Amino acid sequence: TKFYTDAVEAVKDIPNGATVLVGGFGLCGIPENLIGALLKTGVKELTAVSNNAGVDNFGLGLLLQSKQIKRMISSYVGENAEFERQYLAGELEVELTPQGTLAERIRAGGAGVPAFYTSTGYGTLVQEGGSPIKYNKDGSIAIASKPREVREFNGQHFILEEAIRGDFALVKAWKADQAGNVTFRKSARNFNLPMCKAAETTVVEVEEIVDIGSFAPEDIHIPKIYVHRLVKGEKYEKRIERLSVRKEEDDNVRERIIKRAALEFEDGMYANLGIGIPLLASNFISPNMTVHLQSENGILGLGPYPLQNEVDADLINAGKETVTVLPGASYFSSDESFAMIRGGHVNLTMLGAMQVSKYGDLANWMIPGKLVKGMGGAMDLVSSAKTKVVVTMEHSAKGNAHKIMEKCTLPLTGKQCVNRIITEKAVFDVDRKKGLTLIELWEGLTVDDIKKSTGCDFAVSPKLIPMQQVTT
């Protein structure tokens, strides 16, 4: 490992048009010093593979303000006006890539694997092609993503994804011993670890340089062999995107859904809760019951929002909110996180949606010409059969428009992957083959009421009960 004193000196040779890997989830664990060094360097036309676009005024956003980037390969690009700005206006090429696939591809880039099969994205724009890579001053598409090959294994369909590896990697880490061994703190690991292995030249910036022997050999997250260039960051502003604190002393259609979704929790289960209703549902989990919450950005065992003195920029949930962690929790890289999810190790995946098909098709990541912020990890989260996925959403849309239907209108997140639907009016069990059946009806409504608020037809369970709730 070659040590540097100056960040610029370390990235000084990145060529224009180079493919650069940039670690960090949101603003957590981002290489702010190395990114600042690229501003001075002025290198341009970069194809930056990064999970997110940071924020307007910080993180990868800075390189966007300076127009130093031509290609973005990310999973979620929200909360960045200058970005979606450049994206929509056709000033930037973007390859919306499912988070899980992004992590695996990068790992493949460093493990000698040119390509691999994954079910994430099948039956989606990712697999079929047509995803907008570059617009041209119009909703019209200048450059559309291309189809991924499809092959089936053991009766399921998978698509071929090729390894990603850059010329350089800008990873952020916590500590480094004088030999070059690197470790990461809390959820700041995410993409930094895998990216540290998939680039010709790896550049790591650490908060502290400790001497050899400080780390237990079994506990080195990234062995020195992967750290080509190291430098201690000069300035760390611990920028926090969303501050969510709680005090130690704490509508209707939504209250109903939340209280019903809360009943999906079982003792000892592992669940991944999407932003909003599903996450709020966890608040009603019986204190005598214990559920383990997994966070896509690399966490297992997330707790409540932090108290004033618990806020830590290195610990946030998938929604970019400052979080806490319960005892016996654990941290892991993004490739790990998605190996876990993709492998169906999570018991329950609850998330919102805009439309659900009769047989389980899901749509919750894109509204053509109005919502193109990326799919995040949604496509991976519903990619396995060994994982029960239930969507929590209002029964019908603005003006009583069907949300549940024969076929979705909006681009899919995945085919036949929803197992259960929970609205404020009903609860449907959904099956890939026989369709959806009603198993719970809200007190006051009738099968007819549901009949005229559901785009398609459905069976009625002979054991149909009034929809349940749980304030206790």
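Residue numbers count along the first chain shown, from 1. Only the largest set of C-alpha atoms that superpose within 1.5 Å between the two forms is called the rigid core. Compared with the form deposited in another entry:
Among the candidates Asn400, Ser140, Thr290, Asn283, the CA atom that moves 2 angstroms or more between these two forms after core superposition belongs to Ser140 alone.
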The other form holds:
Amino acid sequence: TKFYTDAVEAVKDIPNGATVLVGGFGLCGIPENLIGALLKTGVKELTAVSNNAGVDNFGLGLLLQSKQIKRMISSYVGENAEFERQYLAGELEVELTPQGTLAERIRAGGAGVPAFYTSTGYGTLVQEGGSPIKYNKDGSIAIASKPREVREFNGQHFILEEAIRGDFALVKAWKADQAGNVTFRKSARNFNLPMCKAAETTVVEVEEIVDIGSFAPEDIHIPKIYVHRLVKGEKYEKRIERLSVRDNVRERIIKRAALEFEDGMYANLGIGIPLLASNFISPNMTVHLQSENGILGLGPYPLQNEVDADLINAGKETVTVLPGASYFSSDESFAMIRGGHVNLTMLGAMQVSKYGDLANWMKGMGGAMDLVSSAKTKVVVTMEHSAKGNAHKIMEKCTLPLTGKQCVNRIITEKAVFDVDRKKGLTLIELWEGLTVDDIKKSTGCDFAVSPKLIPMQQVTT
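Form deposited in another entry, following the form deposited in one PDB entry:
The text that comes after this line covers the one chain and nothing more.
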């Protein structure tokens, strides 16, 4: 590892056009000083591989403001108006790739794996191609995404994704010892860890340099072999994107969603109703919440003194963890998710089809496509029954872009609870008292079986 006292020195040789991997999930674990250094070098036309686009004036957004990025390869680019403007104007190219796929393609890039298969994105536009990566000033499409090759293994369909390697990686880390060994703090690890292994030259900025021997050998997150250039970041603003401190239809969904929790369950909860539902878990029940940016054991929002820029949830809110929590990188998080280790994945949806196709993302798909990619994880959708104008949200076929095909196992609305089966379709198993099966018929766009043991819709006791 080569140590630098000046960040510009550490990155001055990045060529125009370089593919640069930039760590960070939201504003968590971003290499703010290395990004500050690129503003000074003025290198341009970069293809930035960055999970997110920071915010308008921070993180990757600073490089978008200065127009130093030709293309971004990211999974979620919301919360950044300059980004949106450039994209629509045809000034910026954008390849949206599922978050877990982005993590794994980066990991493959550092592991000598040119390509691998993942179900994430199967049946969606990731597979189908056709998304505008780049527009012409006239508003037409200049570059459309390529469809992905898909192959069946063990009766399931998987898309072939290729490794992502960078010319450079700009990595934010916590500490580096004098040998160049590096560790990451809390959830700031995310993509920084795998990105450190996937570029020809990795540049890491750390908050502190410690003596060789400060780390237990077993606990070095990134061995020095991956750290080519190391600089102690000069300034850390610790920006927090969203400071989060500790109707009846919605309340009803929350209260029935709260009943999906089981003792010992591992769950991943999308923001909104699913997350609110966790507030009703019995202190008697032990439920472990997984966060896809690399956390297992999420706790409630922090009391003001617990607020930590390094600890946010997938919705980018400041959060806390419970005793016995663990942190891990983004590739490891999605290995955990894709491998079906989470028992329950509960999320909101705009539409769900008869056989469980889900439309809930189209800013980018973030980790939603990965979260529903495994048949081993029970996917529970919580959403209001019908859309504005009473248009069906549950129907034969989604009309909105799919997040996944035949991946929903249960739908919870304020009116009903449907179990969903990829081959047989819907089964009404709970019914809000006061409504009748025919009321459901009228608000649902496809047929459904009625369970012989249909009960009034339950509501958690709390």
